[PDB]
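The residues making up each chain are set out below.
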Amino acid sequence: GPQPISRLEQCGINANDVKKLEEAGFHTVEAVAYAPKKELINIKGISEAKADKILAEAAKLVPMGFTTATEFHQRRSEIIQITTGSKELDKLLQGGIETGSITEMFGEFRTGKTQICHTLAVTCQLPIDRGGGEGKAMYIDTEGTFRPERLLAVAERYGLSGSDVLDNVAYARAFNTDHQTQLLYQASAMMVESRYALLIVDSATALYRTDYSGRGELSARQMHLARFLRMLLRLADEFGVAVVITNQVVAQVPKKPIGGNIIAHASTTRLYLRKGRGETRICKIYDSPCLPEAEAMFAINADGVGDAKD
Amino acid sequence: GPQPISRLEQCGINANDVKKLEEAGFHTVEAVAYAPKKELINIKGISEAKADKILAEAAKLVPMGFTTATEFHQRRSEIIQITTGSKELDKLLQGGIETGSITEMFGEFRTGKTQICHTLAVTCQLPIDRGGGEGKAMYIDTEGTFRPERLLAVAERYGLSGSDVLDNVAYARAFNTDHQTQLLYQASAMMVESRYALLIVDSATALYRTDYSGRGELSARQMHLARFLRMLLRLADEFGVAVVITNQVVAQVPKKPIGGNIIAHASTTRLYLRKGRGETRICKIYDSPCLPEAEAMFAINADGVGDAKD
Amino acid sequence: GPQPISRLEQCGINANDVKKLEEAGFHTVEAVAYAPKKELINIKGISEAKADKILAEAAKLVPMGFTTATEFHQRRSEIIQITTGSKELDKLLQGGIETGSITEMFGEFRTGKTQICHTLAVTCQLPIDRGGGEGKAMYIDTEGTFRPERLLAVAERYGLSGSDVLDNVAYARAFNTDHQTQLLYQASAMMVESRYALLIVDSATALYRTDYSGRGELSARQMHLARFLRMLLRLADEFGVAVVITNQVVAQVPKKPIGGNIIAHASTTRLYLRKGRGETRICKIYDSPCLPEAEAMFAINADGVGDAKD
Ligand SMILES: Nc1ncnc2c1ncn2[C@@H]1O[C@H](COP(=O)(O)OP(=O)(O)OP(=O)(O)O)[C@@H](O)[C@H]1O
Ligand SMILES: Nc1ncnc2c1ncn2[C@@H]1O[C@H](COP(=O)(O)OP(=O)(O)OP(=O)(O)O)[C@@H](O)[C@H]1O
Ligand SMILES: Nc1ncnc2c1ncn2[C@@H]1O[C@H](COP(=O)(O)OP(=O)(O)OP(=O)(O)O)[C@@H](O)[C@H]1O
Ligand SMILES: [Ca+2]
Ligand SMILES: [Ca+2]
Ligand SMILES: [Ca+2]
Ligand SMILES: [Ca+2]
Ligand SMILES: [Ca+2]
Ligand SMILES: [Ca+2]
Ligand SMILES: [Ca+2]
Numbered sequence: 021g022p023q024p025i026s027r028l029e030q031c032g033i034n035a036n037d038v039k040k041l042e043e044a045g046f047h048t049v050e051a052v053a054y055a056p057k058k059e060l061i062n063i064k065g066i067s068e069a070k071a072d073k074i075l076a077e078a079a080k081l082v083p084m085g086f087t088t089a090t091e092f093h094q095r096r097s098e099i100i101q102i103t104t105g106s107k108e109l110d111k112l113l114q115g116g117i118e119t120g121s122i123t124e125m126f127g128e129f130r131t132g133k134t135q136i137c138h139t140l141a142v143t144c145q146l147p148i149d150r151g152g153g154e155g156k157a158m159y160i161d162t163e164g165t166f167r168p169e170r171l172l173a174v175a176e177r178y179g180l181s182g183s184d185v186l187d188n189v190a191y192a193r194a195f196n197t198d199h200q201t202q203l204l205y206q207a208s209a210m211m212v213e214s215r216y217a218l219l220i221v222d223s224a225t226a227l228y229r230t231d232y233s234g235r236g237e238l239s240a241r242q243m244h245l246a247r248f249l250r251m252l253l254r255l256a257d258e259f260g261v262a263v264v265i266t267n268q269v270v271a272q273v283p284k285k286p287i288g289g290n291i292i293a294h295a296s297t298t299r300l301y302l303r304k305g306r307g308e309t310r311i312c313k314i315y316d317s318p319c320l321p322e323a324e325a326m327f328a329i330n331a332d333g334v335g336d337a338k339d
Numbered sequence: 021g022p023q024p025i026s027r028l029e030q031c032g033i034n035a036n037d038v039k040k041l042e043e044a045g046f047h048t049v050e051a052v053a054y055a056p057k058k059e060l061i062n063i064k065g066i067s068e069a070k071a072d073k074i075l076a077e078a079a080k081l082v083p084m085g086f087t088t089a090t091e092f093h094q095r096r097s098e099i100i101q102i103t104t105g106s107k108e109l110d111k112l113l114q115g116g117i118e119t120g121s122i123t124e125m126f127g128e129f130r131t132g133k134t135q136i137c138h139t140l141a142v143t144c145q146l147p148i149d150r151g152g153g154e155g156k157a158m159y160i161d162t163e164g165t166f167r168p169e170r171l172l173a174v175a176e177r178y179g180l181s182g183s184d185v186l187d188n189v190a191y192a193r194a195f196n197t198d199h200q201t202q203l204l205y206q207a208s209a210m211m212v213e214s215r216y217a218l219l220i221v222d223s224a225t226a227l228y229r230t231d232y233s234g235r236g237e238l239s240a241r242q243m244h245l246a247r248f249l250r251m252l253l254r255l256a257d258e259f260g261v262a263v264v265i266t267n268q269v270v271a272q273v283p284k285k286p287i288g289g290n291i292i293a294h295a296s297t298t299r300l301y302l303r304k305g306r307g308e309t310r311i312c313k314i315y316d317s318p319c320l321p322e323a324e325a326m327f328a329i330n331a332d333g334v335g336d337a338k339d
Numbered sequence: 021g022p023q024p025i026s027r028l029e030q031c032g033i034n035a036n037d038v039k040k041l042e043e044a045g046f047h048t049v050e051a052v053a054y055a056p057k058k059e060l061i062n063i064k065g066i067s068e069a070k071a072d073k074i075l076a077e078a079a080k081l082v083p084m085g086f087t088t089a090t091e092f093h094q095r096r097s098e099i100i101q102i103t104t105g106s107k108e109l110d111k112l113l114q115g116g117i118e119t120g121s122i123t124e125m126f127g128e129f130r131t132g133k134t135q136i137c138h139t140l141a142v143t144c145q146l147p148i149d150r151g152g153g154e155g156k157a158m159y160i161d162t163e164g165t166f167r168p169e170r171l172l173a174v175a176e177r178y179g180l181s182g183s184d185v186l187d188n189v190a191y192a193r194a195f196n197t198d199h200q201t202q203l204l205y206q207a208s209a210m211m212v213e214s215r216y217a218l219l220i221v222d223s224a225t226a227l228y229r230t231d232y233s234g235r236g237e238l239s240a241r242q243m244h245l246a247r248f249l250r251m252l253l254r255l256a257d258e259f260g261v262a263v264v265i266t267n268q269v270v271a272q273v283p284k285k286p287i288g289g290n291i292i293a294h295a296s297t298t299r300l301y302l303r304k305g306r307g308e309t310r311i312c313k314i315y316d317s318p319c320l321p322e323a324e325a326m327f328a329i330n331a332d333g334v335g336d337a338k339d
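Protein chains in written order, with the entry's author numbering: chain A, 21 to 273, 283 to 339; chain B, 21 to 273, 283 to 339; chain C, 21 to 273, 283 to 339.
Mixed in with the good hints, there may be bad ones.
Copies of the same chain are indistinguishable here, so a pair counts whether it falls within one copy or spans any two.
[Claimed, not checked] When the alpha-carbon atoms are kept at most 27 Å apart in a straight line, the in silico DSS-like pairs for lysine-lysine are as follows:
| hint | residue 1 | residue 2 |
| --- | --- | --- |
| 1 | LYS313 | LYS73 |
| 2 | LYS64 | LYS80 |
| 3 | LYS156 | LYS57 |
| 4 | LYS80 | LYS57 |
| 5 | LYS80 | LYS338 |
| 6 | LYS40 | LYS73 |
| 7 | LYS80 | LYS285 |
| 8 | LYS107 | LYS40 |
| 9 | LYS70 | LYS111 |
| 10 | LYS285 | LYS304 |
Calculated directly from the structure, the hints in this document are not laboratory data.
Based on the sequences and whatever the hints tell you, model everything.
Structural data, given as C-alpha cells:
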C-alpha cells in the first residue's frame, strides 16, 4: 500500500520537517510526491531549498515517468470491483464498482440513493472471492439519514456477525461546507493506520445549495466545490480506494443534476436512477468512459438491495 | 527527420558542452537553432562566446531565411493527415487532422472528448495508404480515464494485432502543473530515439482550474499556461508531429471554453462538440485559418468513433 | 526609388568602406543619410573623420531642410492606397491603406486578423488603376498560420494567374525575438534588388509575451520592442512601403490591446476588430491622426474578404 512518511527520515531529512509536513495534512510519501512546490512553500517552516530537496528525495521512491500501455493494462487487470448485491446491476457495471475513481448516483427522491450506500458499506467487507473488498467502510453523512438497522438487516443476509459489521464502519455527520472539507484531513490520517476500501459521501451537494444563497456567490462556491472534488481525487489516487457520492436533482423548465459542469467533468461514472413500478427501480448509466448506455432493473427489499423478485 | 545533436560535435565543438546542452533539454540541432541566446546564457556552464559560436554553427545546418511561397505550397502538399474513422468527420476536416499544429476539441461532458483521442491513438498507426501516420502514439493523461479496452475494440475494427497496438503507446498520468510541464522534457528525449506521430494531452486545463484557486494568481497561472503552450508548439515544429488537446467548458451567465485568450490565440484549429440525439453527436468547427464554419454528425459505436449508423 | 549605395563611390569614397557599410546593414544612400554618427562610429573599421566625410557627402544627395507645406500637400496627393476588397471597409479608410506608415489591427480571436493580411498580400499586386500597388508582397509569420490556398482562392476572384501570385510572395517564419529582428536585415537587402509594396508581420507581439516571462524583464523587453518598431519605421520611410502588423488582445479585470504604450505611440492608424453575427465582422477605427471614429461591416467569404452579402 502507501509508504509511511516515516521513511522520508532515512533519506537525509531531519525529524523536525517530517512532523512539520504532518501538521500540513501529508502522511504518506506518495501524498508528498504528488504535491507541487507551491503548497510546500506555503508551509511556514520550509525554505525553497528544503522543498526542492524534499521533492527530489520523494521522486526517487515513487515512479513518475512514461510506461507502456501493456503494463497499465496488466495493472488494470487486478482492479478490485465491489458487488452491489444485484446480479442485473452488476452485469450493467461489468462486475461492480471500480476502486480508484469517483462514482456518482443521482435521481429523484425516494429512489433509494442512500440504500445503495448502505448496502455497499456492508458488501465491501466480504472476502474478495465472494465479490467484496476485504476492508473497512467509511461513511460521511450530511442529511442525518444514517440507520444501522439496514446495515444489520443486510449483514444477516450474507451471514455475518452483526456486531463485527458495526465495528468496521466510521460515521461522522457534517454541518457545513467547512466541516465537510475538514473531515477529509482526518480521513486521510486514519486511512494510514488501518485499511479502508470504500468512501461514501451523502450528500456531496446538499450543503452548497443553501450556504451560498447569494447571487454573486456562485463563482465563490464552485471554486470551493472544485477544491473538495480534487481532495477526493487525491484520496482515491493515493490509497487506491473507491469513492461514491450522491447528488440531488433539480427540475428544469425532465430532471437535471445539480452541481454544474465541475461535478460532471470531475466524475467518471455517473448513474441515473428513476423509480420503476412498486418497489422496483430503474438504473441507467448516464456517463462512463468505458461502458455503453443501458438500463437495469432492481428492487429495494427488506434485506437491502436485491434483484427484482416478482 | 531531426538531426541528432551528436553532429554538433564535428562542427568544432567539444563533447563537454554537448552534454551540458543535453541536460538542459536540447537533443536535436533544430531545437538548439530555434532557441534564442537568453536560454543558452542561462545555462551555468556556457559563456557568451560559447553561445555565439554554438548559434553560428547551428544556423548553418538549418535554413532560417526567406523563401518563395511556391516552395512552401509544395511542402504543404505532403502534410500527413490522420483520419478520424468517420467519413463525415473527415470531409469536415478536408481529409483529417494535420501534423504540425495544435488542435483543440472542447464541449459539454459526455460528448466523448476522450473517445476521439482513443480512436486517434490507434488509427495513427495505420499505413499512410489507409490514412494513418505510420508511427507510435503518445498519451498524457490528467483525469485517470485511460482505458485500453477501447483501444483493443477499435484495433479489432481495422484488423490489427491487439498486442502490437498496446506496445506502441506510451502512457503517463500527471498529478499537478509542475509534473505536466516536466513530462514534456522526457517526451522530447524519447521522440529522438523512436518515431512518434501523435501527442495527446487530456486534459490541458483540468489542473489549472484548481491549483491556482486564489484571486491574485490568475496572472500567475496564465503565464505558466503560455509557457506550456509554447513548449507544445516547439515540439510540434521540431519533430513534425500532431498535437491534440482537450478543454473543459464553463457555463456563462451558452457554453464558453475555459482557458482565456491565451489558449484561443495559441490554438489554430478548434472544434466544438455538442450531443446530438441518442448516441449521435454534432461536431462544429469553431476556429480554423483555412476551413469554413460547418457542422457534421458522428456517433459513438462499440468499435470506437464511427459514422451515424441509423 | 532609393539610390543604391554604389553611387557613394563616386563621391570621393573608396570601395572598401562601401562594403564595410554594407556588412552593417546599410544598402542605400538614404539609409546612411538618416543614421546618426553614433552607429557609424560603432562600426569597427570607420574613424571619426571617415564618418564625418560620409555624412557630409551623403547629405548632399538627400534633402534635409525646411519646406513649405504646400509641396508636402502636393506630395501627399500621390500616396498609393491599397484597397482591402470591401467597399465599406475602403470608405472607412477613405480609399485604402496608406503607404509610408504603420497600420495595426487587433481584436479577439477568430475575428480574422490573418485573412485581412492574406487578402492584402494579393490585392497589392493589382494595377494601380484597379486600386493595387503594382509590387511584390512580403510576409513574415510567427504563428505558422500561412495558407497559400486562401491566396489562390482570392487570386481567382480578381482573375489572376495562380502561379504568378505565389511567385511574388516571400515567406519566412520566425522562431524567437532575435530571429524576428534579424529577418529585417535580409528584408532590407532584398528590397533593393526588386520592388516591394507591402510588409506584413503576424504577429508582432506573439513572441514577446513568452520569451520575457520574468518580472524584472518588462523594461528589458519593451526596449527591444522599441528597437523593432524603429527598424520598421526606418524601412517604411526608406523604401516607401506599407507596413501592417497584427496584435493580440488581453482581457482586463472589455478588451485591451497588448504591447504597452510603446506600440500605441509608435502606431499611427489602429483598427479594432470584433465579431458581428454569423460570418459578418465589425471594424472600428481605434486611433488615427486624420480619420474620425466610425464603424464598418464586412464578411469573410470563401473568396477572401468581401462585402456583407446577406
Ligand atoms: N426497511 C425497509 N424495507 C423496505 N423498503 C424500505 C425500507 N426502508 C426504506 N424503504 C424504502 O426505500 C425508499 C427510501 O430510500 P432512501 O431514503 O434511500 O431514498 P432517497 O431517494 O435516497 O432519499 P432522499 O433523497 O430523500 O435522501 C422508500 O421507497 C422506502 O419505502
Ligand atoms: N464501450 C462503449 N460503447 C459505447 N458507448 C460508450 C462506451 N464507453 C463509453 N461510451 C459512451 O461514451 C460517452 C462517454 O465518453 P467520454 O468519457 O469520452 O466523454 P467526455 O465528454 O470526454 O468526458 P469527460 O469530460 O467527463 O471526461 C458516454 O455517452 C458513454 O455512454
Ligand atoms: N476558407 C474559408 N472560408 C470561409 N471562412 C473561413 C475560411 N477559412 C477560415 N474561415 C473563417 O475565418 C475565421 C478564422 O480567421 P483567422 O484565422 O484569420 O482569425 P484570427 O482571429 O486572425 O486568428 P488567431 O488570432 O487565432 O490567429 C473563422 O471564423 C473561420 O471560420
Ligand atoms: Ca426524503
Ligand atoms: Ca438520503
Ligand atoms: Ca465524466
Ligand atoms: Ca475524459
Ligand atoms: Ca486560433
Ligand atoms: Ca493568425
Ligand atoms: Ca498613434
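Verification of the hints:
no.	hint	in the structure
1	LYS313 <-> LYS73	neither (49 Å within a copy, 48 Å between copies)
2	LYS64 <-> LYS80	both (25 Å within a copy, 25 Å between copies)
3	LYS156 <-> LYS57	neither (33 Å within a copy, 33 Å between copies)
4	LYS80 <-> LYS57	within (16 Å within a copy, 33 Å between copies)
5	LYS80 <-> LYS338	neither (55 Å within a copy, 50 Å between copies)
6	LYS40 <-> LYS73	both (15 Å within a copy, 22 Å between copies)
7	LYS80 <-> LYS285	neither (46 Å within a copy, 41 Å between copies)
8	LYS107 <-> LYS40	neither (49 Å within a copy, 59 Å between copies)
9	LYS70 <-> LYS111	neither (51 Å within a copy, 55 Å between copies)
10	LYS285 <-> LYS304	both (16 Å within a copy, 15 Å between copies)
Violated hints for the displayed structure, listed by number in ascending order: 1, 3, 5, 7, 8, 9.
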